[PDB]
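See below for the structure under consideration.
FYI, not all chains are in this one, though none of them got moved.
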């Protein structure tokens, strides 16, 4: 079927004072809403190019399909990886994978904060699992669909676009990145990590 | 463990006259082994950047880790996707999936040849499975790592970087992506389809 906007499982002002309800609102409502309309739209123009047998604008069509489909895919996962009752540290299988992988929790976290505040332009920090070589790696994604390999399973994303922190942190991106840690919903990530390794 | 170079399950000349045994051996033995060696070396300086706690070149190691891991993941699925004994059409569930998603294998095929031949630079054509929307969509990747959403599971790719056809097709890439079709191991696509929707 068509893609659609998921609802949040918290009220827009729930991450205050770490992330304002003004931002969650424009973000879920303006920003993600337009990526889901863009995704359904690129889907429908390729169905028509498929019937008129005219692949003359293939390049804008495959570029509009990857851009909206990926902004909706990262957005969808960023709402479930944040929680009002979040913070602290991961536990169980996940916390042991993370120290085995980056040596230690605080080390994984100095690299994740280093990959998210050095993007030149918009992009995000993403923790993913590579099934080719079964490892847990951190990637710096540019924009919404570039800089990582195909088939990588996404587990915890930090949105670096300016719309995610300009109305409250203005240009101090590092303090928005420090505040994200107090709202991480580690239960969602742990659950992502287990279906990833099954 | 370490990423390593897979062996093909055919002799390099096996694919002739569709793809000359000299490209199969410069592609596999030279281009792929360099991605496998660049992916183990980007995993190793992130390891030492974590130990000295020096994240000053984090933009370079995250960039060297996606380019080479993407080049290694995409050549490893191109060698299984190609076989001396393939060609023809998909069968079963995979062939009804295609027909149902693109209308017919013939319309699936003309869109895949448009996206593989209209790339501006190095890139490939990719048939993948989207888990969010449960759809079989094609994408146009630029280089090895860009232009598709995280988590898409790849099932059929066609390498259009110059090195996969210059020696025998010179500048005529269209001719190569038409030959391609005669050596597709649809049993390998069939198998990846079945596991992506398991």
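Letters A and B name the chains as they come in the text, with residue numbers starting at 1 for each one.
What we mean here is this: a residue touches a chain if its C-beta (ideal position, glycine included) is under 8 Å from a C-beta of that chain, and two chains touch if they have at least 3 such contacts.
Engineer: Since every chain shares one sequence and 2 appear in place, tell me the total number of copies in the complex.
Structural biologist: Result for the total copy count in the complex: 4.
Quick note on the criterion: only the chains that are shown with their structure count from here on.
Engineer: Using mean CA coordinates as chain centres, what's the subunit A-subunit B distance in Å?
Structural biologist: Chain centroid spacing, subunit A to subunit B, equals 24 Å.
Engineer: Using the touch rule from the top, collect the residues of subunit A that touch subunit B in their complex.
Structural biologist: Touch residues, subunit A against subunit B: 1, 3, 39, 43, 46, 49-51, 53, 55, 58-59, 62-63, 65-66, 69-70, 72-74, 76, 102-103, 107, 110-111, 114-115, 118, 120, 126, 128, 130, 132-133, 135, 137-142, 144-154.
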